[PDB]
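Given the coordinates of chain A, assemble chains B, C and D onto it according to the supplied hints.
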Amino acid sequence: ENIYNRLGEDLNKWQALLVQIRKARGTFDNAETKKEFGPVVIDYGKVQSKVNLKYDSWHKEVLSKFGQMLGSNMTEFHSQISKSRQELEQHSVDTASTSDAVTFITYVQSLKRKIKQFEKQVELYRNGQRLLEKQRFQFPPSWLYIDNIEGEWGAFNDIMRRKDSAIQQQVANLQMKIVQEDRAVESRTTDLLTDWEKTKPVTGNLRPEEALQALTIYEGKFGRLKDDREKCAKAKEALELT
Amino acid sequence: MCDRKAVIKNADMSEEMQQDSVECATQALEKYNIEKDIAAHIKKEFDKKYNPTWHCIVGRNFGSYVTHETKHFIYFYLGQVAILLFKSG
Amino acid sequence: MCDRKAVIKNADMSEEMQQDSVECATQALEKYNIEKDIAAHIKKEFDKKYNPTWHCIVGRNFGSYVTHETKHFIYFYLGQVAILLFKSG
Amino acid sequence: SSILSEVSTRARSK
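Protein chains in written order, with the UniProt record's numbering: chain A, 1066 to 1307; chain B, 1 to 89; chain C, 1 to 89; chain D, 37 to 50.
For reference, chain A alone in the conformation it holds in the complex:
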């Protein structure tokens, strides 16, 4: 517990500790059982064997601490591939609700960096598991093996860069759709303006309740117009190509 707390969560530091203990054991290797100095005889082999057993047991149990977050990385593998299947089957150039599609496009650009991070994590994981088989690990049946996940992850990356890029270049249609949407929004804003100066109930002869209802209708449609304008602006800035 003390050494684990001192190390904390660090896979590379863990591998450094593993190579340190491995080289310490390698240096410890010896055949003599008694170190003779003058007429003095000292037992050396019994404690040697006991502490070699100590080294072996501690090294073995330290290895067991690693099977956990590897399970975490396989869970990451699954959450990537299973969700990505539906995500790649989801979007298309049509379905003018593309404000959601461009949201997913921004999501996948944001996840490019996470994909790179997970790739270097997979590199560290493959080094660690290589250590694991050269440390004679009995592979559990429910353990998901390295080559399966690496192959399916490479396939995931290939499909992602094959399809998500393609749908990204053909955006000029989406660009002109956003253009016509925003010019319609501007026209509606000008119309709402003209309606505002025409509708000014600032005169007090009007009944407060009826003019209040009229202003409530105007404010409902004006909130709708503001929602349209803000959603067009957010779609434009998320797509960020126009």
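Treat the hints with caution; some may be incorrect.
[As the list claims (entries may be wrong)] Simulated pairs of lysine to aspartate or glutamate, EDC-like, Cα-Cα distance not exceeding 16 angstroms:
| # | chain 1 | residue 1 | chain 2 | residue 2 |
| --- | --- | --- | --- | --- |
| 1 | B | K71 | A | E1198 |
| 2 | B | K9 | A | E1215 |
| 3 | B | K5 | A | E1198 |
| 4 | B | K71 | A | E1215 |
What the hints contain is simulated information worked out from the structure, not anything from laboratory work.
Structure of chains B, C and D alone, referenced to chain A:
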């Protein structure tokens, strides 16, 4: 029981189905001795279990490249035998 | 030309696509030194020409029990090397 | 390197 340790060399599955594949191939190996018959047994069991249709090969030296259904690919080893099983059809 | 004659084991398929398989596989074996790469080559070629999803298997001793659509099943050997190429998908 | 050595340097008492 001969503890033939299983290693899975490429798979797009869930872990339960991968371990079921390991168990089915182990039972086939303990049951038959003909690689064609081993493939027949494992593929028939898989068609009965997770619906048709599968494709399986049993051998010691064979390299493969195949397109499969998503979440329906596996390739593992049992002893000195390579066990591939994909779903396309 | 490597006079490894074309001897054929299983065939539920046409003769012209027999010869297409034969020439393409001769080319694939003569080009690549990896059975896995040769299988990928022949699968890709039969996906380009005879449409997906063909499956190719290259080996020297193996057990084959696969489901093919009719007219899409070949099994044969070259010199010693074995080749399997069926479609399903 | 070390680490395994440096952790061992904090023996509790004497």
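Going through the hints against the structure:
At most 16 angstroms may separate the alpha-carbon atoms for a hinted pair to count; B:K71 and A:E1198 exceed this at roughly 27 angstroms. Restraint check for B:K9 and A:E1215: the C-alpha separation of about 9 angstroms stays at or below 16 angstroms, so the hint holds. A threshold of 16 angstroms between alpha carbons decides the hint, and for B:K5 with A:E1198 the separation of about 13 angstroms falls inside it, so the pair holds. A distance of roughly 14 angstroms separates the Cα atoms of B:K71 and A:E1215; the hinted pair therefore holds under the 16 angstroms criterion.
Consistency with the previously given hints fails for number 1 only.
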